[PDB]
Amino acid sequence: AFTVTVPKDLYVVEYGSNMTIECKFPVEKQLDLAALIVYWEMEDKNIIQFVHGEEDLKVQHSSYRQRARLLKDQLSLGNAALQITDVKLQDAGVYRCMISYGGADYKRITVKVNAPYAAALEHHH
């Protein structure tokens, strides 16, 4: 039974810092990159799409361009690691990772963002 698991389903990240959130999927024997699909989204905004060889920036929401990378070396180990760079308050919420590799599954991760008064103030209006 193909099951994606998450070591953490909650992350607490500092405003402006970098973030790595992980989804584990089973990789027995060598990895077949052609049969792997990884989809990373947050509340209906597409962050990352990995079909066949490389990502696809066709659906990547503008709030994530140049800011989101999928750690490719980690796929061989069974790790779909999403990195977001320079975390902002609008990065708090529910992330979903969909993984297709033989079987198909997905998991949910919650990111809370702590921010100082100045940043919160700019985000308030």
Contents of the next structure:
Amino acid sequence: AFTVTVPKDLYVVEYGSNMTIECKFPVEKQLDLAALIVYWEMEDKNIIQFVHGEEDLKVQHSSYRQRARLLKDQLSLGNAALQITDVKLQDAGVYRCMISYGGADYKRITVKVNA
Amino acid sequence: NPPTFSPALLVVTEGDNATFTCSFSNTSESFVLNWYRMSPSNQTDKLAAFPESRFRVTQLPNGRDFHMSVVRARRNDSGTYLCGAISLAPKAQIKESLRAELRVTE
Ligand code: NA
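Next block: the form solved in complex with the partner chain, after the form deposited without the partner chain:
What follows is the whole complex; the chain from before opens it.
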């Protein structure tokens, strides 16, 4: 069973700060990139679409182009870590991460922005 | 074009079998279909997949329908369920049925 997990379901994040939220996935010996897909969305907006080691910027909701990124050096550790800079009130809500890597699962994370 | 998951409410006596149907016709280039139960929180916990326990997913002869089958149903299996189609290419996407509820009684 490939399953994705979260450290916590709910994150409290300070208004005006940079945040990182994470989903974990089992990784064997080394990371096979070509077999890996990582997706983050929030409220049906597409944040990250990482397909075999390439962000497809075409399908990214363009308001995140600059403020959102997947921490690349955490993937070998089985950690999909989305980081958004300059967190505002609108960034509060429910985020979804999906990871596919022999094969697939997803989870939800609540972000609460304290201001 | 979300999948459907029926019947949307289902009562059965413990020990019996419990069978939802998830129907999903999709033109997606690469995708998987997952069966979820909601956690005591609202977390999506995967039970099974097509392709890949007493939680068995089975494609039917017409192809667009799948039985999600809980065999020999326990009482604390009672809870909320759903099917989630996940497309992987070219565009990654999650498509969820409405939630169904399973009541298992003594
Ligand atoms: Na990095």
